[PDB]
Amino acid sequence: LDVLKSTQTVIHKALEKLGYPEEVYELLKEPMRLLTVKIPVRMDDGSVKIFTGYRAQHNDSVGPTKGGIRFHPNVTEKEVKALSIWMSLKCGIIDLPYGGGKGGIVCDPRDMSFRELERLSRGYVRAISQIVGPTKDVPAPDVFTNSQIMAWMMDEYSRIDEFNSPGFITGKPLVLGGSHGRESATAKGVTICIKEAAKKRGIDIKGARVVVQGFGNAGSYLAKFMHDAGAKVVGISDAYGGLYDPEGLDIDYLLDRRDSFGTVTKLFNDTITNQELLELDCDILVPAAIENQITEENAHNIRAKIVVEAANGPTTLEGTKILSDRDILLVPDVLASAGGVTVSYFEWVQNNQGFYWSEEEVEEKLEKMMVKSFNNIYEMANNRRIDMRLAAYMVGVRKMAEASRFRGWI
Amino acid sequence: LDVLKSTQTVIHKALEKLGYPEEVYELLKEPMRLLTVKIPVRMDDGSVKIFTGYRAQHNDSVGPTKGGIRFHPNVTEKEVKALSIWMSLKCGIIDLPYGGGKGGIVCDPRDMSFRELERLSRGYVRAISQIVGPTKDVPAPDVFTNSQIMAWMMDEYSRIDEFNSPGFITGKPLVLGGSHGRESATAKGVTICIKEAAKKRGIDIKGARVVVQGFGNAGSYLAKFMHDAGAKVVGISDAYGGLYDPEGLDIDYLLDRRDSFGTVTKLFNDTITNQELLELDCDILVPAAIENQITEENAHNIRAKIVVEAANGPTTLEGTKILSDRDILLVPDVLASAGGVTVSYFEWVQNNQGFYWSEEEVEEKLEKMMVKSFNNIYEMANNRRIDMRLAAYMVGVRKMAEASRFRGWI
Amino acid sequence: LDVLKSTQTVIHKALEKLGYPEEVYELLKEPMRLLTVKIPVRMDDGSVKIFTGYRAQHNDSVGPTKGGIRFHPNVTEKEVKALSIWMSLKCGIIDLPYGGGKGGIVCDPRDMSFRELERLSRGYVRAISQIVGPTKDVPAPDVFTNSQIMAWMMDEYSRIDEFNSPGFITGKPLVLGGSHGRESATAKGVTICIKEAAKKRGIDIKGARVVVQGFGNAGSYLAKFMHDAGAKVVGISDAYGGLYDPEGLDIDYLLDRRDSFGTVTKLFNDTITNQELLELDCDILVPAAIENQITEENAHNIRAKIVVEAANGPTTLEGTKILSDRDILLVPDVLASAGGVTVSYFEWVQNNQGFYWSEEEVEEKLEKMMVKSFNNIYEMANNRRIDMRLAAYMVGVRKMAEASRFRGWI
Amino acid sequence: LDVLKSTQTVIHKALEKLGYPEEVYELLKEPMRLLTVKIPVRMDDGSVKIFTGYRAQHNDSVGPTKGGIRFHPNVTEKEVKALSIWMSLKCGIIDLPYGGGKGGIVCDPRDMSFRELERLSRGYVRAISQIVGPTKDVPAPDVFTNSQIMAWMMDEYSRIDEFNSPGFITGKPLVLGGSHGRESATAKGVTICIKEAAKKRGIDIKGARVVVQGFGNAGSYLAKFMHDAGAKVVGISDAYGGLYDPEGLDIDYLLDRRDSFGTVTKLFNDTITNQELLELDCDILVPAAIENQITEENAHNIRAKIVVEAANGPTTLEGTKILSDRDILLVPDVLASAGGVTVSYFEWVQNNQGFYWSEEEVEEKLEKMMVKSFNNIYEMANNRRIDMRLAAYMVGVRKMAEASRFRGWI
Amino acid sequence: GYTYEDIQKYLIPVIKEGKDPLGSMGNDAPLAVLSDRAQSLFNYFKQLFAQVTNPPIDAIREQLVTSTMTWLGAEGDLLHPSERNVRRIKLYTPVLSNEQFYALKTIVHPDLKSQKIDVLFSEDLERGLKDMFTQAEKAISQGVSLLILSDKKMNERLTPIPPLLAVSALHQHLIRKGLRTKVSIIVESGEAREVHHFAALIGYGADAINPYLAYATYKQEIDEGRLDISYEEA
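Residue numbers (the numbering used here), protein chains in the order written: chain A, 111 to 520; chain B, 111 to 520; chain C, 111 to 520; chain D, 111 to 520; chain E, 1040 to 1273.
The set of hints was computed from the structure by calculation and includes no laboratory data.
Certain hints may be false.
[What the hints assert, rightly or not] Quick list of simulated restraints, FRET-style, between CB atoms:
hint, chain 1, residue 1, chain 2, residue 2, range
1, A, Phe378, E, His1235, 17 to 25 Å
2, A, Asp271, C, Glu293, 53 to 61 Å
3, A, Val459, D, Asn184, 41 to 49 Å
4, A, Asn184, E, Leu1204, 36 to 44 Å
5, A, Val459, D, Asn485, 20 to 28 Å
6, B, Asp155, A, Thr245, 43 to 51 Å
7, C, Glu293, B, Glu473, 53 to 61 Å
8, E, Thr1198, A, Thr426, 29 to 37 Å
9, B, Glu386, A, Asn184, 32 to 40 Å
10, E, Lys1192, A, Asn184, 15 to 23 Å
11, A, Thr119, B, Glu386, 50 to 58 Å
12, B, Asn493, C, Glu386, 44 to 52 Å
13, A, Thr119, E, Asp1170, 20 to 28 Å
[What the hints assert, rightly or not] Non-contacting residues of chain E with respect to chain D, defined by C-beta distances greater than 10 Å in every case (computed):
hint, residue
14, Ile1054
15, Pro1060
16, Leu1061
17, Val1091
18, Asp1097
19, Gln1102
20, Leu1118
21, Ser1121
22, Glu1122
23, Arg1123
24, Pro1149
25, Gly1217
26, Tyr1243
27, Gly1244
28, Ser1269
Backbone N, C-alpha and C fix where the C-beta goes; we use that ideal spot for every residue, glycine too.
Just need the whole structure built from these sequences, with the hints factored in.
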């Protein structure tokens, strides 16, 4: 209900800290291009259903907008605008030549079918075809979207434009112009941020104790990366509980027994709950799981020197304040989870060139980009006695404000 | 009370009477395109102001949308959508190859300057340039908008498209591709409606006892046109009351140079009977002073064999039903005030052809079009045993529904 | 099997008579743009079927190609090319600013369904979208095609091009930009040709005896037009037989009892077979029915002074030779049945202008065009002692050859 | 015998082995676009000649089609379609973002003049300009076509599109946007294939007893490249017979300036053993003299541990099966001769980027690409227990099939 | 058929103790076929056991011998297997949570397709089963690899087919027609709250089950104050 207001508040605070006037905030608080469309879709039963779609473009001064499309019944204009602004912030943090964009459709994919989903995706692409393209707006997947939906959208756009346009949409399969590293991008970015934070704090990664809350794809890849780097993972968690071993957890065996959903717990063995998993003795803590897990009660009980928010908003304002008081280095999600956006940008670059890179090239480029962003944010937060979250917000808004001023919009 | 909800309701009943499924109403109740934009404008003081703009497109099945733009501070998304639906209804009634369109900007031109207005119009065109054009969306003027603004918009679009595009926007001056008959369009339309109604009935235009609640601009024009052949009985609602009460006497031609700003025609101190006179045994009635003058209480009091609406919402549903029961002809405003839209369509045709017509050609084509529309509405109303307002609504929605069904959207 | 060879032969003969060199024949014998495409269509059962589509464009020197699309299982490249050349001949005869085009799809609409037909039409439009448009190629309907299919194609093209394109395809419904007179066009053209031939031969239309073989829409409209003009229809035919009355046949009552398919015969009443209907005593004979009806045996028995080939190829070479020997004026189909093409051209003009004419305007314009074409052909065939068929072929090829020479292609 | 039917058969068996439905074969057996055009060309004698041209596009699911053009009088629709399918297979094997394309013109350049060839190429480009471009179809050279023709085509397309389009066509000179390594592409590709095959096997490149049936252009180049490290045993089929028979002896470098037109390298009167020598205990074999040199009779006679095909159809199915049973490695020609396509792809990438690479970069990228393709083919062949030719065919068709399924065409 | 006793003595104790609740004084009530009251089809089927010719085992003590791994998808070429045989989903537990069920439904992957069949009937149970069979065959022909039998969207007019009967009938039909190995069966039924129910469904063909109604009951108990443990842990 207040997501847009909160985003506006953080934008205002960042602009005030940077010293920009109020006209910049007036321009950047709301997107300058919001489109609402009605999509008629023929269903399997033969009836026709009218779906509602939204597409918001926060800014285009830096470059073409970059956004995602989510198929949820609770989507709203306010949510779409707020997430477009957040995407702009992420792009500015990573220093991409992108703006912020966000798409949404009011639907229930659980009740929808394969052919109905294809028809809905095509209809949405048609409705927004007038303001999107490889040079205007680049969509990607979000909740209840995947490579098949991206491929359907790409086919729709090519069928409209009379020529193939792989760069119009990212998140595609490899055969259609996808990029390697699309699955381990977030985990690799989190690993890079963890390594940089450890270097800054003097903690040696070799033998460092890491706890990961969440063993999905991101959690599994992150645990594998720490194990390869030499850090010891002393705790993992899944939907059924967690495990604890100060001397190591045998990540190889855990991954071998890992199923599709990421379950690794045994049946007749007691498990460790997340509440006391977060309180374990470790140097690095990584919540990549459900949000609102760190609060006042557990902030003092947390024993981690570094906390990295792999998931979205796993920490509250009070928890951040307490961690800052306790001198615990917090890595915000807006920075940690930018690996997916970076890999989508690499996919766009590959589509533009016609040349597709390899896993090693993607790895090294992502490493350099994330390291530069992390170092810039850390230097900003050291020069100004503020938090990394505020520093990241300022870094995100600076590029957009400067581009708008240079182009003369304000 | 809600204008949008009232429009959806009238569309629903018209479609139900026509015998269409509910999916047609679901499609036509809400426009399929709603673009919201933010326009930065540099004011004369060196500051920058962000203006909000809306553009609604309702249905493109029949053809390119045609819509006016109004510069008012009270515009809203719901109002814009409702006006787009009403424009679609008018276009369907007149049988134009157009759809429903509308636009608006939240601004106060009374406060804005000439250069500021030029910049605002140019920015609006730049913002909506992607979804407008001679083949997609044709803007036109509305309240607080005029030919200078239309010319600025035309220049901006021509610069964007790298070639002259006179047909993109209507309401232009003659030098830039304007059309004759723009000023007298609405008055002429009501005159043809009155003449056709009289011809359909047994009344002639020689005596033609005419009651008018206008005497301002349109009322004065229609009274003057009637005076050539018909007569007058009483004039009401001249911004001061029943200042005119010939009661069986005519009025000398006084349309040379006169306005209501100072007196009405001769002197403000002349005898005044009262605010509302009405009544009297007349044969033609033209109520246009305020919204909803006719109510249940005075529905049976009027003694006019023919009533022609010249304002917006001058009569209620109960009054319309009472008049229909009494067998008094009632010409809806949606049909009476279509002359401006017809003339804009003629201007669009002239721009497309490259050949510009004369006043006589415009007049004769307008006569043909409005006579055909009136005859179709009257015949369908007689066949269905319904009122003229409902008949007009059904005639308007029939074209859109049939086009959508043919194209396969429903 | 030899349709293309026959068309090539008639083109060669016409060019030889006109005196053009052999390079003109080499250019005009085959189309300069033939496209073969494969259309994947998802069927109701869920399977995928690959259909084969062809699109041929004979010439474009005069202007955009004009053609038709037929949904038949026996379509072939040779047939498509030959019919494109025939369409070019028709356009040249009528003096239209068009070329020749022809589309075809290998399918069985009888076994296909409504949704499958829609999908196939959309797929064909997509496959040929790269070489067609309002300025390149204008399709129309043919065997197993109608206004719904044309509307589907138009929707597909607009959905591709991001703006409505009514002029891309003709044969549409009125609501989507169709033209009046689309049903009586062929009959009206046949009537015009009959009247001109009677004027040339000195036969007075008043009281002239007319026999019509075929009482479909064309036959019924033609009979009505003759009855209105004053000529007496002494014979009509349907799928079950024919009637004969030298003093008149009560066309009003026959049309009143006419069903959808055109049957007017009684049940327990003996009828007149077509073989002896063609031999009836009359001044005007009009076969608008199955082909290969006039041959050597019945050519001498035919008692008609004027014969008009409303249908396609109802006469053979031997029959034409015998009629020429007997001094019977033969009006070829390529000229008589051009009313549909002319009305499609009028629809294209209306789409271009944005202004849609009326039945009277269409009637008068068609009258002038057909009268001019008939007079030109008659004068050519009188100046050169040849047949009207050869004169029409020469008139058709002259414009195309001159345009190619002027543009420098030969 | 029919090349098209053979191609359809190999596609069918590859898809069956991969485990795909029959609709995939139905889609991929025939190209989805076949444009036939007639080009008028003004010859130097003032006459006009009509040339026939064909352009086939097989599948655009993966990306824009890439195809060569050949100026031969024996070209045909079936040949063009088969070559387009083969090009698609090669692109899939190399993992390029291309589809299958091909073009041809029925002409005899040996008879045509320089200006006539320029005019013909320009006319071909003008004819097919609607369905070609950097994003749709990329032409390239083939037999009787060269960089001058490519440059003329590029100039014509640039004039049509009003801007420079270097990436529309490949094979251009360096000044116009050409790429290095074009000449030695095929020879280099066979060299990398040989080196990778030897590395996979236990053979080293020091001794490397090499038998070659070439000694003409490509054969001489590969022999020279091998001579740096490996040795030679015998050379066969030098256009005159077994003129070279060292039988365990090397050959001095004689690639400075020598050709087979006059003698071979030293003298034509040197001792000649016979036409076919073969046999001998060698470790590398390179047969490229004529089509189908290896048959059932001599399949078991060869004594080479590795065979690398460098010509078109040098081996039959029975021979391939015999070699596979004997466990002799066999590198298919479709993989061996992909260097030219890879270099054309590099040129396209350079045109898109605006940055042009060097010989070293081209060489290293070619090595990486061909090594990856060879490794993938070898691994898949080992996993499926099949031959390298079938493995290559399946690898080629897998990308196309997966792209089509993802896009929803089947 | 939920009851206050059922909830308070089977669902809450399961959360509290991590095991099936114990009891004493084995069943003295009549069989389902003899009881006047309407009974679920589950109660008509009795679990068998190993008495002689084969012994039972201790799963807890010999957990290294047991395996709950389940495969979802289509089996590859058994005689000539390569890669594609393991291009499927695998689960450690046949019981599916709501989020897992939604993810499986929304996979969308062309190779891994899903189709939902509403196992509901009004008057003709045989007709309902036959429509389910036809829908399954149509989905298999289209390429679907997951069949989701749902009892949801049921009202007074449409009653849910007994899930045990539906699963068994579909399993037998697909086995007869040689298509079972190409698909997997997910059940979304409210009549699944007991170990006996889950075991019967699995043994008669169900690959996975989703007790949405039991989850909803747990959520209601949590919301109304009781069962302080959170929804996810429950």
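Results for each hint:
Between A:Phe378 and E:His1235 the beta carbons are some 20 Å apart, a value that agrees with the proposed interval 17 to 25 Å. Separated by about 38 Å at the C-beta atoms, A:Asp271 and C:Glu293 break the suggested range of 53 to 61 Å. Evaluation of the 41 to 49 Å hint for A:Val459 and D:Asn184 yields a pass: the beta carbon distance comes to about 44 Å. One distance hint, 36 to 44 Å for the beta-carbon pair A:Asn184 and E:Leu1204, holds here, with the actual separation near 37 Å.
Between A:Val459 and D:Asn485 the Cβ separation comes to about 26 Å, which falls inside the hinted range of 20 to 28 Å. Hint check: B:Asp155 to A:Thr245, Cβ distance near 36 Å, so the stated range 43 to 51 Å is violated. For C:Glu293 paired with B:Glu473, a C-beta distance near 32 Å fails the hint of 53 to 61 Å. At roughly 48 Å, the beta carbons of E:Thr1198 and A:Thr426 sit outside the given window of 29 to 37 Å.
Against the hinted window of 32 to 40 Å, the Cβ-Cβ separation of B:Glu386 and A:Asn184 comes to about 53 Å, which falls outside the hint. Distance hint check for E:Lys1192 and A:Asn184: the Cβ-Cβ separation is about 21 Å, which falls inside the suggested range of 15 to 23 Å. For A:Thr119 and B:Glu386, the hinted distance range of 50 to 58 Å is satisfied, since their beta carbons lie about 55 Å from each other. Our hint of 44 to 52 Å for B:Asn493 and C:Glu386 holds, since their Cβ atoms are close to 47 Å apart.
At roughly 56 Å, the beta carbons of A:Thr119 and E:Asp1170 sit outside the given window of 20 to 28 Å. No beta-carbon of chain D is positioned within 10 Å of the beta-carbon of E:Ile1054; the least distance is around 44 Å. Residue placement check: E:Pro1060 keeps its beta carbon more than 10 Å from all beta carbons of chain D (closest about 49 Å). E:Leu1061, annotated as away from the interface, keeps every beta carbon of chain D farther than 10 Å; the closest lies near 52 Å.
Once the 10 Å rule is applied to beta carbons, E:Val1091 is consistent with being away from chain D; the minimum gap is 46 Å. For E:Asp1097, the shortest C-beta to C-beta distance to chain D comes to about 41 Å, beyond the 10 Å cut-off, and the non-interface label holds. At roughly 35 Å from the closest C-beta of chain D, the C-beta of E:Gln1102 stays outside 10 Å, upholding its exclusion from the interface. At the 10 Å boundary, the C-beta of E:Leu1118 stays outside the reach of chain D, the nearest C-beta of that chain being 12 Å off.
For E:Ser1121, the condition that its CB be more than 10 Å from all CB atoms of chain D is violated, with the nearest at approximately 5 Å. With 10 Å as the threshold on Cβ separation, the claim that E:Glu1122 sits away from chain D is violated: the shortest Cβ distance comes to roughly 7 Å. A beta-carbon of chain D is positioned within 10 Å of the beta-carbon of E:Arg1123; the least distance is around 7 Å. Annotated as non-interface, E:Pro1149 brings its C-beta within 10 Å of a C-beta of chain D; the closest such distance is 5 Å.
No Cβ of chain D comes within 10 Å of the Cβ of E:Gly1217; the nearest lies about 17 Å off, and the non-interface call holds. Listed as a non-interface residue, E:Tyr1243 keeps its Cβ farther than 10 Å from every Cβ of chain D; the least gap is roughly 30 Å. Residue-level check passed: E:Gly1244 sits 26 Å from the nearest beta carbon of chain D, beyond 10 Å. No beta-carbon of chain D is positioned within 10 Å of the beta-carbon of E:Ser1269; the least distance is around 40 Å.
When the structure is compared with the earlier hints, violations turn up for hints 2, 6, 7, 8, 9, 13, 21, 22, 23 and 24 and for no others.
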